[PDB]
Structures are given as C-alpha cells and as structure tokens.
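With these hints in hand, go ahead and build the complete structure from the sequences.
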Amino acid sequence: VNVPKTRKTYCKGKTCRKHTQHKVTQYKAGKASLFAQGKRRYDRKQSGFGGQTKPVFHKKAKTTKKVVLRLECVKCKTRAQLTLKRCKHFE
Amino acid sequence: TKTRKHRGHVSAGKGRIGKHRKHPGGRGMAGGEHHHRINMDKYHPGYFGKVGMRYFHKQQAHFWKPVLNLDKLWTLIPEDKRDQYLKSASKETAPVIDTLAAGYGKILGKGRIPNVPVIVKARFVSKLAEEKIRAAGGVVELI
Amino acid sequence: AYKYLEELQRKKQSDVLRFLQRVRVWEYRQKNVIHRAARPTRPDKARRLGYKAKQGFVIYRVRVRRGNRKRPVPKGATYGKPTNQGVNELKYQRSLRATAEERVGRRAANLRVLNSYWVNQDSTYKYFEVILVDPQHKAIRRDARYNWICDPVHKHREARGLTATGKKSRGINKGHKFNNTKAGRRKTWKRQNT
RNA sequence: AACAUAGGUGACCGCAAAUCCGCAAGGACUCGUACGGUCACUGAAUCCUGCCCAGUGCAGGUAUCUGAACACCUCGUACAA
RNA sequence: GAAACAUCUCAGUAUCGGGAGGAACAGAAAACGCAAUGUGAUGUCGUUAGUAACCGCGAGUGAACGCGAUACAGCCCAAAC
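If you read the protein sequences in the order shown, they are chains A, B and C.
Last residue of the first sequence: 92 in full-length UniProt numbering, with the numbers rising by one and none dropped.
Last residue of the second sequence: 148 in full-length UniProt numbering, with the numbers rising by one and none dropped.
Last residue of the third sequence: 196 in full-length UniProt numbering, with the numbers rising by one and none dropped.
Worth flagging that the hints you see were computed from the coordinates, not collected in a lab.
Each hint should be verified, as a subset may be incorrect.
Stated by the list, open to error - Below, in silico cross-link-like pairs of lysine-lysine (PhoX-like), each with a Cα-Cα straight-line distance of 25 Å or less:
#1 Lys27/B <-> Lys40/A
#2 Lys55/B <-> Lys46/A
#3 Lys5/C <-> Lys56/C
#4 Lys46/A <-> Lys56/C
#5 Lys15/A <-> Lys86/A
#6 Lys33/C <-> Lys14/C
#7 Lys32/A <-> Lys66/A
#8 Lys7/B <-> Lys24/B
#9 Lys115/B <-> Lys70/B
#10 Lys192/C <-> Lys157/C
#11 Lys86/B <-> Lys63/B
#12 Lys55/B <-> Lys60/A
#13 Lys184/C <-> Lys46/A
#14 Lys55/A <-> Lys184/C
#15 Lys96/B <-> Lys55/B
#16 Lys83/C <-> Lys55/A
#17 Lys46/A <-> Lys176/C
#18 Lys63/B <-> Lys77/C
#19 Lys33/C <-> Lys46/A
#20 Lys47/B <-> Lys60/A
#21 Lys56/C <-> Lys176/C
#22 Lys72/C <-> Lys60/A
#23 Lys83/C <-> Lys40/A
#24 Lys46/A <-> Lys83/C
#25 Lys189/C <-> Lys46/A
Listed below in structure tokens is the structure:
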C-alpha cells in the first residue's frame, strides 16, 4: 500500500556502485502509445478489417494495474525498473 | 511391401472404418493456439520463433568470407608436399581458397600450427591464428 | 518553338487561357461524346505527341464523366471484410484519360491513336483530345515518322484496347529498373495482377 | 375466428414536394396537385374510447457542456511525420 | 484453409466485358547498385531462393539485382536552325 518509500541498497544497472539508498518514485509521464505498430500500420492497409483492428487489444484490464515506480539510487540518481505487483492503491 | 499389400485387408493403414479422414481439424497444423482438444499439447519447437535467421546487412552490402583454417595449410605444408607452386623457403602463403570472392582472405587459427612453421599473408587474421603462427615462424599478412 | 502554348497550359486560370476557358467548353459542353476537331486545342502537345497537318490525321475531343465511382453493388455474401465490396469510395484504376482514348477508336473503327491528353474541364467532365491516325491511307504510309503505326495493323491493331499507348503504358507502368517489379516484366499479365 | 373491406384515426408533403426504383444516364407515382397521394394502425352500424411522456421512439428548442475533417495558430522537423 | 472466424487464405483463381496475331505482349535506361576504375534494350529457360519482404507476426504469402544460358539490333519524332 503506502510503502516502501525507502532507503535501500540494491542498485543493479547501467550506472551503479555499492548498493546505496534509492527511493520510490511512481514515475508517471511521457508520451502515450502510438509509438508502436498500430498507428503506423493503420496509416495504410485500411480497407475493411485488416490486422487485428477489430479485436480488442492490449488485453483486458483488471481491477488492479501493476505498479510502476522506478527506484532511483540516490547518488548516481539513475535507475532501473523492477517487477511490478498489482497494487490496489499506491500512496 | 506392406504398402503393396492393401487388398486383403479392409481399410488400409490404420484399422477402422470411418477411420481417419480429414482430421484432426484445421488445415495443416491446427491453430497454434488452443482449440477444443483439436490441437495443443505444449509445444516448444519455435519458442522465439519466426523461422529462419536474417540480418538486413546480411545480404548485398554485407561482409563476406572466404575463411581458411590453420589446419588445411599445415596439413598442406610441411607434412605433405602439395602445391609445389607457391613454394619457397621452408614455406609460404597466398591464395589457397576455393573462392577468392572478395572482402576476404582471413585465416583463422585452429588445429596445431605453426608446425610448418609457415609464414602467411592474407587479409586480417584472428587472434587465435596469430598465435600458433607467430611462434614458430609466420607473420604479417596482406598489408 | 511552341513554348508558351505549354507555359500557358499550366495555370489554366492565368489570363487569356482562362477566358478562352470561359467560352470554350460552353460550346463543348452541350456537345456530346464524339466530336471531331480541325486542329488540336494545344498545338504544342499535338505536334509533340505526334500530330502534324497531313492527311490521315484526325483529332477528336472526348468528354467523359466527372468523378470516378459509378459502380454496382455486390450481391449477398457481402458480409466479410468486406473484400471486394464497397460502393462509392472505390475509384477505377483506368484513368478518365484512358477512357477518353478508347471511346474514340470506337467511333472510328478504322483508325488507331497516338494519344494526346486533355485540356481541362470543369464542374464535371474532363475532356481530352486524342489524335488518331488512319492506317490505310497515303502520306500516312509515307513519312517514316507516322509510319509503323500502321504495319498495316499487323501487330499494333487496336492499340489502346490492348493498352499500348501513352497514358496506357503509364498508369499500369512507369519507370524502368526499380519499381518495375510486379509491373511490367511486360506487365500485369504475367507477374499476376498486382 | 385468418386476409380484404367500407367506416374510424394518426403521420409526411406546396410539386424543383412527400414516398419509392436506378451504378449512371434516368425512372414510377403523374395526362396527378391537399375534396391530392404517400406511409401506417384499427376494421360496418350503436354506445364509447379513462389515467401515464419515467424508459424507448419520433419531433421541436437549446445559455452551457460534448462534438470530425479542411483551412488557422503553437511546438517539433533546414521540409515531413 | 486458418481445424470457429472478421484481415489473411482459396485468388487476381472461376466466371464476365472488350480486342489482336500467327504468335501476342516487352523493348534500347530519368536502368542496375555483387558501390565499382563495375554491368549495359527486351522476353524466356536454369539458378539466385522458400532467400529479402509480407502476415491475428497465426495460418499462410513471397520477389528482385546478379550469374549460367537461349537469341541478339538497334532506331524515328517534337523543338532549335
């Protein structure tokens, strides 16, 4: 729920060093979708159901929605993602 | 043979009447997916999977061999006499490649060499080809 | 030599050309398919593509329709993509150009065509000229140029029918090496239609 | 006992109409014009035909909200996406 | 066919409309791109190759340059004057 928000140690990425404290971030930002095959492919080949236009895509969504939160190592300040858990709420 | 004998047994092949006909279902391989027991049975041929390997550079405008192993050469000299031509000193090197298709002429080093000791000249040579070369004899190539 | 009748026929809204265009097709309009003409509308282009005063040459206008569509609807079994289905959206591959050239030729059965191209038309139909030749004529079968469009019709026959022309032999082909794949080895037939 | 029917009722339309056929060129209604003719419901006569507009449908209006593409502006790209 | 099915597939197939010849059609580069001090019209045959490429990236689909052959053949206008 409202965790871990913490100082930890593991840093395993492009820029690292000894395990040092990082923090949680819940990074949310950036452009959304239509960066991948899809908008490009419906530029062309649009006649009457090509590709899987008709089918629902990106799977169905469930109650939760994983977690995001990059954990940046305070120090180098550069970090990587870990597995995401489906948290009901993050605070 | 067994196939030759067909008559004499009702139904040929799998014994049954109303036996195997168009089945199990689908055409060719059934859908690579689930079906109502039509086809499945956990697979992993493929896994990854888009048959064949291809590299865009790999093609025209791609690097090409020929490659030679430092085995044929040593086998070639000094142990047995071979191409008398292109022979000088204890030994020498030069084109002994099936194709002089260009962009090529490297010599790999595998097997036991120098042993000739041989000196070779060709396009770039692998590291494990300098050694077991430059060692007894051998050296720079195709500057 | 005939530059600006090329230059002029660019804008078609410039000045003099436009006025002639105001009074032109007024008469052409209210003139039906099949006409005929003493001279070509653009003298540079005729006498470019191939037109000279000489006997055995004839140039005709043609009108067409306007936009392209006009098509029947498919029967049932429409349900599907649909693939070949659709209605007013599809445009036909043949140009309202190629269509002008035949729909001429099938007016004058006797003669063939090196094809000119249109003058512009508005709110509806486009026009087109279209020179034709005549195969069994004299002076036609004289000048080396403007020969061989009549031998006498041994191979070339109903050119533009087959297709061999200008706009056709374009349309279903352009360029040469490169992008001539699934195009003219000779053409669409062979290298199954694209 | 079903359909039709006269009779009752509602709806659209002033004709370059409403309704309908055709890919188009064109066409039926129509040598017609609202006392018309199209689209529907009920089904002679007699006595009558209550209450409901929330949902659905149709129609009218609408400050505000939502509402596509072209053209316009900003960013981005020596251009473009 | 994809063991359903919509894109895909069967297939530009069946069938339809128009038309030529003894063969048609193509054809003398606004080409190729083994990138080169390289090739030199166009068909076709063999190969390149089930390769590149496409595709619910599923099932399926699917070239070309080049090379070895066959046969070789290059020219006429518009305009300038």
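A quick look at each hint next to the structure:
Among the hinted pairs, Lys27/B with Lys40/A is inconsistent with the structure: their alpha-carbon atoms are about 41 Å apart, more than 25 Å. Straight-line distance between C-alpha atoms of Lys55/B and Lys46/A comes to about 22 Å, which keeps the hinted pair within the 25 Å bound. Distance hint between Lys5/C and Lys56/C is fulfilled; the C-alpha atoms sit about 22 Å from each other, no more than 25 Å. Among the hinted pairs, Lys46/A with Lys56/C is inconsistent with the structure: their alpha-carbon atoms are about 51 Å apart, more than 25 Å.
Distance check on the hinted pair: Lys15/A and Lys86/A sit about 23 Å apart at the alpha-carbon level, within 25 Å; holds. Restraint check: the Cα-Cα separation between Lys33/C and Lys14/C comes to about 21 Å, which is no more than 25 Å; the hinted pair holds. Proximity of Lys32/A to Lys66/A is assessed by CA-CA distance (about 19 Å); at most 25 Å being required, the pair is judged to hold. For a cut-off of 25 Å, the pair hint linking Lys7/B to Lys24/B stands: about 19 Å separates their Cα positions.
With a C-alpha separation of about 17 Å, the suggested pairing of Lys115/B with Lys70/B holds against the 25 Å cut-off. In summary, the hint linking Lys192/C to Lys157/C is supported, as the alpha carbons are separated by about 20 Å, within the 25 Å threshold. Distance hint between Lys86/B and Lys63/B is unfulfilled; the C-alpha atoms sit about 38 Å from each other, more than 25 Å. Between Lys55/B and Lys60/A the CA atoms are separated by roughly 22 Å; this keeps the pair inside 25 Å, and the hint holds.
Among the hinted pairs, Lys184/C with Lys46/A is consistent with the structure: their alpha-carbon atoms are about 18 Å apart, no more than 25 Å. As the CA atoms of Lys55/A and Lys184/C are separated by approximately 30 Å, the hinted pair breaks the 25 Å bound. This hinted pair does not check out: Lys96/B and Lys55/B have alpha carbons roughly 48 Å apart, beyond 25 Å. Between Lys83/C and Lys55/A, the direct Cα distance comes to roughly 10 Å. Compliance with the 25 Å bound is thereby established for this hinted pair.
With a C-alpha separation of about 23 Å, the suggested pair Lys46/A and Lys176/C falls inside the 25 Å cut-off, and the hint holds. Pair hint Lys63/B plus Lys77/C does not hold up; C-alpha atoms about 49 Å apart against a cutoff of 25 Å. Between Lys33/C and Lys46/A the CA atoms are separated by roughly 42 Å; this puts the pair beyond 25 Å, and the hint is violated. As the CA atoms of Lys47/B and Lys60/A are separated by approximately 22 Å, the hinted pair is consistent with the 25 Å bound.
Distance check on the hinted pair: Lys56/C and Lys176/C sit about 31 Å apart at the alpha-carbon level, beyond 25 Å; violated. Taking the CA atoms of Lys72/C and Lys60/A, the gap is about 42 Å. The hint is violated against a cut of 25 Å. For the hint linking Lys83/C to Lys40/A, the alpha-carbon distance of about 20 Å falls within 25 Å, and the restraint holds. As the CA atoms of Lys46/A and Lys83/C are separated by approximately 12 Å, the hinted pair is consistent with the 25 Å bound.
The hinted pair formed by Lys189/C and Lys46/A meets the criterion: a straight-line CA distance of about 24 Å does not exceed 25 Å.
Violated hints for the displayed structure, listed by number in ascending order: 1, 4, 11, 14, 15, 18, 19, 21 and 22.
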